[PDB]
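Next up is one chain by itself, shown in structure tokens, the form deposited without the named molecule.
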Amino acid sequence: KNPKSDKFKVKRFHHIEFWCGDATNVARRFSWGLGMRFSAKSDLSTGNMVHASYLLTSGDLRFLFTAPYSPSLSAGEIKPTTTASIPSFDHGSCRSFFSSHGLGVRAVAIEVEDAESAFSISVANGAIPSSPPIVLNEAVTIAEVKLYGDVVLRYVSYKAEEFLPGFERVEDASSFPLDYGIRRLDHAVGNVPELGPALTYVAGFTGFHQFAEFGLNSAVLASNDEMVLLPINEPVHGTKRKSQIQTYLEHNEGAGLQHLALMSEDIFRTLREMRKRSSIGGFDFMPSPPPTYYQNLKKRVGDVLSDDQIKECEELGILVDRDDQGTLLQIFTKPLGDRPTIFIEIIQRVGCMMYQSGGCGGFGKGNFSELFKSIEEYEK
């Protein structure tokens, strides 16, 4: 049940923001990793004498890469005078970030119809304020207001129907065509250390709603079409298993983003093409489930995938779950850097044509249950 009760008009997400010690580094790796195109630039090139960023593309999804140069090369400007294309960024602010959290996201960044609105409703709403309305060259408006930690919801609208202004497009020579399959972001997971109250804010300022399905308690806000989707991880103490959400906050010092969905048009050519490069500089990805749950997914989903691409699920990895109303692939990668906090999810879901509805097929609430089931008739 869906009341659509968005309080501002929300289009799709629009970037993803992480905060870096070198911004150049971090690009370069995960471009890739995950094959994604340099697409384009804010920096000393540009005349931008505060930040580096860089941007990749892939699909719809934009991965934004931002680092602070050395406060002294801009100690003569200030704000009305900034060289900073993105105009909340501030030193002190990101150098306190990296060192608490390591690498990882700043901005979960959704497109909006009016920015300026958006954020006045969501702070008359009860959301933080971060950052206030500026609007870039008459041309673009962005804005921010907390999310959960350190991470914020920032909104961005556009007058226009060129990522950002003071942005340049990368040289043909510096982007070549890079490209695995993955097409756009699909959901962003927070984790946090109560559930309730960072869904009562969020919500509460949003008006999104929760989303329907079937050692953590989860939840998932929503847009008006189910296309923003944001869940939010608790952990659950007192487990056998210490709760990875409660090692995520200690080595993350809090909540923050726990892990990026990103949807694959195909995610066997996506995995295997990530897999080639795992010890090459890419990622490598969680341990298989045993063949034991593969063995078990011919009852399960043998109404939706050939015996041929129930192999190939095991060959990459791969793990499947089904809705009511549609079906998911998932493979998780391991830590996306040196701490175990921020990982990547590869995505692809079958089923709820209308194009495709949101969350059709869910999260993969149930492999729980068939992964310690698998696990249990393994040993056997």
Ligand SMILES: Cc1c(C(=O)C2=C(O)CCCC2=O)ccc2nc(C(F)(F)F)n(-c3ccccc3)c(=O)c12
The other form holds:
2 protein chains.
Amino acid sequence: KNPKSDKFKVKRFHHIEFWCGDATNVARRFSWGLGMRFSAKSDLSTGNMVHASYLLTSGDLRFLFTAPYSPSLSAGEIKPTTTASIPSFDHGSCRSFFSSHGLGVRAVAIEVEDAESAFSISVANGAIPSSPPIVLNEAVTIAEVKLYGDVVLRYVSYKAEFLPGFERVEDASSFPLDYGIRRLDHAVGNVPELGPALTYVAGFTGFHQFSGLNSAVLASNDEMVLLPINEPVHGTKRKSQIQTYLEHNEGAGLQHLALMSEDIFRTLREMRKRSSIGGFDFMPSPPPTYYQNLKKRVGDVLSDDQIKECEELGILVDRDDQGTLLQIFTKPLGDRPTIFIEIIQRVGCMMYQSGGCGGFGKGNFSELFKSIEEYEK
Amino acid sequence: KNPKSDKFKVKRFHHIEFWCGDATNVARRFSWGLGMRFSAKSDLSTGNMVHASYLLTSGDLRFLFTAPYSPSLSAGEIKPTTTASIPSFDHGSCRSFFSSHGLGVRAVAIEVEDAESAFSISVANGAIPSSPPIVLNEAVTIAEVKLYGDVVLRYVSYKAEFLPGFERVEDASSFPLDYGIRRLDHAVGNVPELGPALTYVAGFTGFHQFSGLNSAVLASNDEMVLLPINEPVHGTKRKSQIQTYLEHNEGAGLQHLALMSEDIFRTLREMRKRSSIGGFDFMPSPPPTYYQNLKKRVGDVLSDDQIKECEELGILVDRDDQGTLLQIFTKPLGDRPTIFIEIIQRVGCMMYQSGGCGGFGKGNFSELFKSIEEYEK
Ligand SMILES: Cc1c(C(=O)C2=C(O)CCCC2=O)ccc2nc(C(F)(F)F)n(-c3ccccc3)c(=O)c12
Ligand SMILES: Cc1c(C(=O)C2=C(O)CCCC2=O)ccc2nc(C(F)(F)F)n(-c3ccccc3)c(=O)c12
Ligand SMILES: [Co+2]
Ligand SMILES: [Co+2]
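Follow the form deposited without the named molecule with the form solved in complex with the named molecule, if you could.
Below, the chain from earlier opens the complete complex, with every other chain and molecule after it.
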């Protein structure tokens, strides 16, 4: 049941922005670990005296890494005279975000038809404004409203190359890394109370509903913008990982980013080769029991050798009434046990592939738990 | 003329500590870019609720990367009950250092005979105390005094494995990277006024004197701890890079770390292969003129093929009355045009090799300048 109630025209996920202490080192680490190319920059070399911003791309996935310079470089500036390429940026906000949360996502950006009307309609419908619409070089419009915690939903609209003021990166500094990641599938928030979080976001977007936690998913009209939200379930045997998140993050924020791969086998081979030489680490692999039980539940989707390849790579598998999902989770991206990355690939729901095909893997909590018990046996 | 006037017994450089916003991402970037292994950790997994610290090693070179957790994790703690493994660490100091300077060296640590007496003698002789001697697990003593800006000189002494409370890293997360770097050769500060800086540091250590800047070098008794200091020369045609440093760094601080390689050819081959895939970038190479002129001034030290190999790798060469030095400079390590790394290898002065053999390359300012003019010709 999709009532298609978006209060404005939403296209696709556009980019994700990390607020960093040093954007150079985070961006270089992420580039090597995920196989993303350096594609654009805005920094001192492009005349930006306010912040350093570096853009990584893989397919349609766009990761932006931003950190503030010393405020003294831009002391004589005012907003009308700013050299910042992202005019919503504020030194004090960025330093306070990072001191409070550590490394994390500041902005979940979606491309819309008209960011100004998206901003107006959202605020008229209960959204808390964060940054008003601003038109950059008569070409791009950006605006921001609060999503949860200190994370903003950023609207971007183009009249007709990332953002004005960003320069394309010279091919020499731009090595064409690619491990097969192609787009952002979904972005997940952790909140203390799911109910009010859902009501707030669904209220101002018109997005419709699609051990440890309760969860629900908000989706755009074509269900290609997917925003799950989690809350903790207290008193449990094992402590809720959502609760641990809220403690170490100093409250609500983005929990994980799910990146669709065109070939999750190759992506995981390439990422695992680099885990211990600067890349990302992965969750411990499920026991062989789990892969033994895969034949019975997806043996009509995946061959034995594709199942054995899932086993070599530590991949999880879940299935809907409509599709099959292959997924794996990284360890936390930085110092705090907060944000992590999910790699996914979806099988089925051909029409193009409909969004969310196969679900989000919630069947794996019990399937992994069972298999852990069966391996102890 | 070495009067051997150290006011306490100094052994060798022990480690360099970076204060970071996210120690995980800086450490992983540095590990891949410099070929340093993860060798020790102190973080949540080892019971440290205060800071995340990760140690990289290559030969005797020790790089420590530290960042604070949320203060709320350790709210009930007091210094007598601290879970911090580095008891001089302070959340507010670390956040203020990083907000003010960005990514940079907080501590230059030297191993001494007795850090408590090193601390007492230093302060009795004009050093500004930063952190008093503290004995960790009856095994190691650490103390700190101000060096310049917000950089401390850290004394460490061992009764008889990095520091108590640090755990050795499991071999799986410890990939044995090695590009040939073996030890810290020297650590260089930038200050607004050289005279008072020298008088202060030489005053409390007893260390003796060994286009753009004025410079002098302080050295320990055996001249294996080398601490050059630079000041800007104003009014020049080209703007002093020392002055640019002080502007972007918000004042005095560590300018560069020189890392001795046992084979600077292999080190530079390995680092340059990784520059655009997460590693470090290097200064633009000198023109072929410069390598043409190398035959006349070091043609008795290096073969034509070793000179042509310097040319392939962009290496600089200078020579003393006693030795020959091969060196190269990275671009800045992070967002700000402040700290960078030098790779060096020294030829000559065999007795072991005496410290500082060949000097520090000051002859290259004019030699590079000349060669740039000759290449335009
Ligand atoms: C986050 C996530 C997801 C999933 O992506 C996420 C969706 O996007 C939105 C719905 C709720 C949420 O769950 C799905 C299955 C998962 N399954 C497990 C597992 F228990 F099966 F391994 N874990 C897990 C891994 C390590 C430690 C603790 C839990 C997950 O974190 C996990
Ligand atoms: C730092 C350094 C050193 C050297 O290590 C450093 C010593 O440890 C202590 C003495 C003073 C100081 O100078 C030596 C030669 C250098 N020579 C040049 C060069 F001009 F020849 F390339 N540059 C340079 C490179 C790029 C832009 C501007 C200057 C240097 O930064 C440079
Ligand atoms: Co997910
Ligand atoms: Co030097």
